[PDB]
Amino acid sequence: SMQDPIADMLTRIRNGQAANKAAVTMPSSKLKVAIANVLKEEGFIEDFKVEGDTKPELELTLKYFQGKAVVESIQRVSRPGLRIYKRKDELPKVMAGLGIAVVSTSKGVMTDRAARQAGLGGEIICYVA
Amino acid sequence: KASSXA
Amino acid sequence: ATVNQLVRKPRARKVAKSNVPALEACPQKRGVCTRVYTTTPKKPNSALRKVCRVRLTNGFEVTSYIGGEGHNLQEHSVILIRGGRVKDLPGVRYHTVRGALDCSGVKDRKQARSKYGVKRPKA
Amino acid sequence: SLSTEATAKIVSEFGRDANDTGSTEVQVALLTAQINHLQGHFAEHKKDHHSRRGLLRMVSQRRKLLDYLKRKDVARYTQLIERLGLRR
RNA sequence: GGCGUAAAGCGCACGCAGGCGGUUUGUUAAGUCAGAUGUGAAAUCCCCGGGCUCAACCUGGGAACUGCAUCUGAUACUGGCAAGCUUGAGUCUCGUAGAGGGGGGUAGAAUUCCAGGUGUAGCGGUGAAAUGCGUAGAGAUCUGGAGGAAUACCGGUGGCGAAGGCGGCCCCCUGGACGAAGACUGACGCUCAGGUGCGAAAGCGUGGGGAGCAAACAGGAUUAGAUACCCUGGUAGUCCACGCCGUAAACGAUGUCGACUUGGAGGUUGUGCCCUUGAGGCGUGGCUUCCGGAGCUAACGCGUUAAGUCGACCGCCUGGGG
RNA sequence: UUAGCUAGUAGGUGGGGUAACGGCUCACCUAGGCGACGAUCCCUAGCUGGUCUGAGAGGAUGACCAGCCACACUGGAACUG
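Chains as they are written, first to last, in the deposited numbering: chain G, 1 to 129; chain z, 1 to 6; chain K, 1 to 123; chain N, 1 to 88.
Each hint should be verified, as a subset may be incorrect.
[Unchecked claim] Computed list of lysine to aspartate or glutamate pairs in DMTMM-like fashion (alpha-carbon distance at most 25 Å, straight line):
#	chain 1	residue 1	chain 2	residue 2
1	G	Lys63	G	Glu51
2	N	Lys64	N	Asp17
3	G	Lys49	G	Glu59
4	N	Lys64	G	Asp4
5	z	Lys1	K	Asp88
6	G	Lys30	G	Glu51
Please keep in mind that the hints were generated in silico from the structure rather than gathered at the bench.
Produce the entire structure from the sequences given, and follow the hints as far as they go.
The following block contains the structure:
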């Protein structure tokens, strides 16, 4: 059920770009934004938007290119049914590097490539290709 | 095709 | 399926069953040899396969195949059984080693004599 | 289900104010009242397993209701229980 | 890794332990994380050398021993503590449809039986027949009575329920669902091993009831046989009460819960709008068929009532035969 | 196809004891203690370093070598130090 709101993002997004749409909205959650930011910064979506006051709403502007979308794939790693955390060197690398992997660290979220150089580590939110 | 039982 | 489930009732391996259980799961065994008969194999083939019912050492009595054209075996004797089944005769899950203990190798065999037990005849 | 005139009064007493049909102490008082009442139904009949099932839905729900109250506020839990007479 | 048909979703539902849990702030720092320090015997494996002529063997140094404990930091996420918020969940109000259930009445049609009138030798039955049934008069037909059982038409890939399953009309007690402007509560939730409850027909127990049908049983045919199929009977049973039994191809052969992803055509039950000027005209829910995109699929097919794309928990499979 | 196990049993107090804490022992006293994160009960088995296999996660194994343990005809006991 509501149990997992994160894999709801990745799914809505993976599904949105599936049905070649340009904008996908969902209720807003602090962590969600943190992720949103990540995807933007890393160039995986044109950008976020958050016009929610009493009932926080989040919109994501999807990107595209040629005969495909930006995100070749996006999977949930750590879930509420089995949390996964990784050290500094144990941090996972997506597609030999060509692809971020959102890892939350005790000093704010990051990307596998980010946190790596960062020096620390933490739970890994998901896999985006 | 098949032997000793089939 | 689920982790929680696997966490609980954990996955259980499925042990293997030695096609040849004439005990100890050991190389070969010595046996008194109760009877020396000949039987007929399954539908496709039709010979007069030679076999012997042997009283092993560990007490199990079992039927074994006698490979090669002819043998010295009979009534008592004391062969030593090996392994490898005889997909043509069911129940025959063992081969008696040729040219071992009271068993004489195949007379005259010149090819692949290592089996059928025979010694190089005048090189 | 349970007379509108009936249900009302109930809400008042426990519910902080009229219209406060949301407070926990209300559902319970309501649920109880109904349950107690349903007893006489199944008293005879006994074969109306279907209604029974709905009944079960109430008995259950109330428990989980009482269990919620307790967890966040022991005081009102006790207070309520007594004034209702149960949870032996 | 799997379960619509290949082996595989518990017949269904409630729910304790457990697993998991929306959202915002503060705090905690356990989980989590980084640095440090102890420790993690030696040997072995491994990296770069050395020595037996080489290699095996021997050996130097090093990495490693992915672990644990202690301490000082970190704070996103997770856990606890503290206080809220509302989209989850639940409460009330007002409507809506319904073979939902329990209990009790009653209606009409029909079969059979019995009484009586008319009425004559036949009736019944099959592929053809015979058994059967009639002149103590059947069948037929008319009047009436008794009795049990089920309730045409309406009726509809209708509707209701968790499923099993529920259909004449009426009363009584009762469960659930759906819509709508809203009021309240506040995450009170999802799932469920064991547990508990419900659970088609047949069957069992103690009794009652018994028209029609009908295992077993008789007889008649058919046949080479016919311990069947067909025929004439006909007991248990079928019904009721109260237990027990707990099984079905209990099938959508497809667990439940939530979110996401083009359409077309119905059925059904709500609701808001507009000279309702149309039997309707445009909207917005619930339930429910069909067709079919993408995607899935071994294929068949599934296809927003998914076998699509996710997530939580449960159950189950692990070659045939035995 | 093992679901319940335990009276010195669980704790206390108090003597005795031991090299030492300790139910170790005894006396008295509360009545407890463990268990489905699986006690109890059966069956099996020396444990680790490691060894074999594997891309690995693992699976299998623990002869030779070294650490720890245990036994030394079977059962029991103390003595010496």
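These are the hints, each one checked on the structure:
A C-alpha spacing of about 20 Å is found between G:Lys63 and G:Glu51, which places the hinted pair at or below 25 Å, so the restraint holds. Under the criterion of a C-alpha separation no larger than 25 Å, the hint pairing N:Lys64 with N:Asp17 is consistent with the structure, at around 24 Å. Distance restraint check for G:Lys49 and G:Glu59: the Cα-Cα separation of roughly 5 Å lies within the 25 Å cut-off, and the hinted pair is therefore satisfied. This hinted pair checks out: N:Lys64 and G:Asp4 have alpha carbons roughly 23 Å apart, not beyond 25 Å.
Under the criterion of a C-alpha separation no larger than 25 Å, the hint pairing z:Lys1 with K:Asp88 is consistent with the structure, at around 16 Å. Taking the CA atoms of G:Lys30 and G:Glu51, the gap is near 13 Å; set against the 25 Å cutoff, the hint holds.
Violated hints are absent here; each numbered hint is respected by the structure.
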